[PDB]
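**Student:** Letter by letter, the chains look like this.
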Amino acid sequence: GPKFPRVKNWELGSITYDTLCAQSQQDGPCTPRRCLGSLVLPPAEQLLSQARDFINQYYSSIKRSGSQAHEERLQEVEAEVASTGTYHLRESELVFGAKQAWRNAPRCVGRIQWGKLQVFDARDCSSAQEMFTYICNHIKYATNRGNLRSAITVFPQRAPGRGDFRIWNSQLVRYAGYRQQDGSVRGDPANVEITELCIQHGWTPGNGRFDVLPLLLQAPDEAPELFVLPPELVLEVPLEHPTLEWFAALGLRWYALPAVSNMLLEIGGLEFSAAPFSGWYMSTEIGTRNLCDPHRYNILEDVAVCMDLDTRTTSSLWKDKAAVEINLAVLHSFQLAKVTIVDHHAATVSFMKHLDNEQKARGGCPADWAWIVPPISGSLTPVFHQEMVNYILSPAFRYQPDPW
Amino acid sequence: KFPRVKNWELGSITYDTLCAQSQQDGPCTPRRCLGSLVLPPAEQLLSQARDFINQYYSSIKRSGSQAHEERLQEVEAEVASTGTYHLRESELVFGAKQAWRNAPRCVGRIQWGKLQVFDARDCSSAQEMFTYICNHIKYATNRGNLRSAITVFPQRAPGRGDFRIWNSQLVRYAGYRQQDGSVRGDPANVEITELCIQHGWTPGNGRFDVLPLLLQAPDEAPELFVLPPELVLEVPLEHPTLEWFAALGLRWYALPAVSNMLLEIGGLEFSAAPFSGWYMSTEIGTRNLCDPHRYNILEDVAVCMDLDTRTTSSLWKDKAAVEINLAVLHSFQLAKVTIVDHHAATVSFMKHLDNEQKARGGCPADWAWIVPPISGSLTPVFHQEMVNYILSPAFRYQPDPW
Ligand code: HEM
Ligand code: HEM
Ligand SMILES: Cc1cc(N)nc(CCCCCO[C@H]2CNC[C@H]2Cc2cc(C)cc(N)n2)c1
Ligand SMILES: Cc1cc(N)nc(CCCCCO[C@H]2CNC[C@H]2Cc2cc(C)cc(N)n2)c1
Ligand SMILES: C[C@H](O)[C@H](O)[C@H]1CNc2nc(N)[nH]c(=O)c2N1
Ligand SMILES: C[C@H](O)[C@H](O)[C@H]1CNc2nc(N)[nH]c(=O)c2N1
Ligand SMILES: [Zn+2]
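Protein sequences, first through last, are from chains A and B.
Under PDB author numbering, read the first sequence as residues 67 to 108, 121 to 482, first letter to last.
Under PDB author numbering, read the second sequence as residues 69 to 108, 121 to 482, first letter to last.
It should be emphasised that the hints constitute simulated quantities derived from the structure, not laboratory data.
Quick reminder that beta carbons are idealized off the backbone N, C-alpha and C, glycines included.
Possibly wrong hints are sitting among the right ones.
These stretches of chain B come out as covered by chain A in the derived footprint (C-beta under 8 angstroms, 3 or more residues) [said to hold, decoys possible]:
#	region
1	88–96
2	227–234
3	405–417
Label pairs and their computed distance ranges (CB to CB) [unchecked claim]:
#	chain 1	residue 1	chain 2	residue 2	range
4	A	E300	B	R185	46 to 56 angstroms
5	A	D380	B	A326	28 to 38 angstroms
6	B	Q196	A	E274	48 to 58 angstroms
7	A	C214	B	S262	24 to 34 angstroms
8	B	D380	A	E274	50 to 60 angstroms
Isolated chain A (complex conformation):
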């Protein structure tokens, strides 16, 4: 074959060549000498070239590449950058850019859905209070009484010598994590720092395991302001198991809406520092990671004890048995509650379909194997057996430093 990465599926014996990776402008963490794939954490004329590239992507997406409108838009952008140092996206350009950022996200297994994204344009927002209103609207629309809908809300872009719009919280919904006197944590240990930041900024803390955090919202060059979500806007699912009656007695729950709020959306050189987006959960994110990680709720031993498993020897597979029942409880409870959720089998089958769609549409799909393969039952899903090429395309969602 050709001189592009050859990609193999070991289950089916089929081969593809990734030619899309040629479009990658930005380097990842690896070199010839060493693979750094498993690592969680990897303008002037510079703006113009990123902007030109994005405008070319837009016009090609609407099959008007080389058109008069295409060439006029290019001239517009360079003139605007020439005089002001920056430029602004048309509305349809933002919608295209946000969908493309999602389509481009190598860590997202949900990308079959990429073309179905509600884009709320909030580039008119001028205060923290209005951010909150926009966010509540997002949450209401996206939650939709359990019939979840993917959405993103985009706040004003970064601007030269003016402060950023930032949502301080890592997600729109987060449970408090309260550091105890003994040094243990009540609630979610992932959220200890954001919890202590909320208190420093005047929040009156609770002391439950599932206290919903307020939002800390920052408008340009202002201290962040604190906003409590009205509890009726935050849909949650109490967890029960279909046959283990005691599981409901554990008082476990999770919220419906996974909504990432700390990522930067980059489109044609422009940087949207506040641009929260939401989808629906894959069940392993809740049942395996959030509930069973040792550094999260860590409930495995408790569930195993209730199941009367032999927790004293690794070889009884007590961890695997408990984890499976916890995942089942998550699925069953969301289903009973009528809240959209997808299991890791159905999600990974749909990601394989996505890989085939993108092979034909673009000649490849950037994908992070370690993130795509679910954290339980890996080789039981078709993605385990699929080789993947990881690279950065733009538009992109990127990590950005915390605002404090």
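Please build the complex by placing chain B with the ligands on the supplied structure of chain A, with the hints as guidance.
**Tutor:** Just chain B with the ligands, lined up with the frame of chain A:
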């Protein structure tokens, strides 16, 4: 810059400095990561040779000695006259252990210093190869108390064909392709099965027929050798509580022994150098029995358990897999054959990472291979960042001989 390597469960950071010692490239470039891929003159030989001799004398703390200097002259003298050289037995022993230590895909490396090395470099015929292989199997098997071992046959030489073992492992079950494309037995072994028959083997018709070995002395047709049934220890599979499981008629062999890899030491290449340890239960329970392109028994077990097969959200697949793994562990424990579960194995690997950090300043590891195929995030290795790179001595893939 040297890689920062973080453990996300403990918050601890190390820096890998061992990777600087890498000379051969992996598949990745700055543009794109290819880490998930399964398949990625005299002065050149001389520099690899010297570097390996330096590794050796350093390992015995005699670096810079008379012995060291003289050995470097011997190697130099032999390469300059003949284009090649030969290893002393003790250097071979050191290189074999180092190749294993360096194997990025191996979760069992806490064991690396405990390897029995059989020198089979005085082998001159397929007949002799078979004798050496039977001794390896008998030693390694040890009536169920498994012992890691490697047997090293003669190195590649410029003027001739290679010594090769055609089979990918020393023990493999036949796969018989049916007229309608389906397979009886192990679908992974269809090609070696046909090669065996074609070289004269009378085939069986079972799901677990142990294959003969095809052994090749240089520039000769391979020869067929049936392993004596008493040499191949096997474990019938049953479940501690599910009575019908035994009725599935399942079984696996005790001894995992890879026989198709090339061992490279100091620039010299050992095209036949089979090595063996003991199994991690997920290799059998998860991959060999449940891969859809392997024995693919998930659905049969699910039905036997009376699971709801009609929907993925019942997690029938996850439930059947767990019980299959449990049966493997139980059965091996019952038969007194060494096995390690994925929790104990990954915990030991974490200890190995820490040992290697102190000893060498790093450890090459291939995350996708180290994390087990079920319950990944339930093991500590899932949460550990890892740097993959090629050090020498090394085990490598090589082309199939046919
Ligand atoms: C439609 C339902 C969706 C499902 C089932 C889904 C599934 C997932 C899963 C399972 C992860 C890994 C999360 C983890 O390990 O914590 C993920 C990560 C990601 N997803 Fe999707 N997703 C969906 C919608 C979306 C939407 C609407 C966007 C953006 C528009 C998106 C962009 C991302 C990004 C950027 C990451 C990486 C997060 C990070 O690095 O912190 N996802 N998603
Ligand atoms: C002591 C018992 C051992 C255990 C439990 C162990 C564990 C493993 C496991 C689980 C794999 C991945 C296998 C797969 O996914 O198919 C592996 C691969 C490997 N192991 Fe170890 N191992 C052990 C001994 C050894 C020994 C003695 C050597 C060499 C002297 C070795 C070298 C390798 C190599 C080269 C691979 C990669 C094989 C390939 O790429 O096909 N292992 N081992
Ligand atoms: C939109 C959406 C859908 C869906 N099903 N799931 C999600 C949740 C993704 C949340 C990912 C959280 O990532 C954190 C916690 N684990 C790894 C770490 C990676 C990371 C680091 C940083 C600095 C930021 C960030 N967003 N993500 C989001
Ligand atoms: C020593 C040892 C211990 C232990 N627990 N397990 C083993 C067996 C390792 C089996 C390796 C099988 O690898 C093949 C089949 N799946 C991935 C593929 C990788 C590969 C490709 C090629 C060309 C050769 C090769 N040896 N391995 C060996
Ligand atoms: C060290 C390792 O990269 C890390 O634990 C990764 C592995 N795979 C993952 N996969 C997903 N989806 N999410 C994660 O947070 C992680 N964590
Ligand atoms: C495509 C992907 O890399 C491939 O399926 C790998 C994943 N991880 C693995 N890990 C181990 N131990 N053995 C394997 O064969 C594989 N296969
Ligand atoms: Zn890489």
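**Student:** Look at each hint and say if it fits the structure.
**Tutor:** The hints, checked one at a time:
no.: 1; hint: 88–96; result: holds (count 5)
no.: 2; hint: 227–234; result: violated (count 0)
no.: 3; hint: 405–417; result: holds (count 4)
no.: 4; hint: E300(A) x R185(B): 46 to 56 angstroms; result: holds (52 angstroms)
no.: 5; hint: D380(A) x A326(B): 28 to 38 angstroms; result: holds (33 angstroms)
no.: 6; hint: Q196(B) x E274(A): 48 to 58 angstroms; result: holds (56 angstroms)
no.: 7; hint: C214(A) x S262(B): 24 to 34 angstroms; result: violated (57 angstroms)
no.: 8; hint: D380(B) x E274(A): 50 to 60 angstroms; result: holds (53 angstroms)
Checked against the numbered hints above, the structure breaks hints 2, 7 and satisfies the rest.
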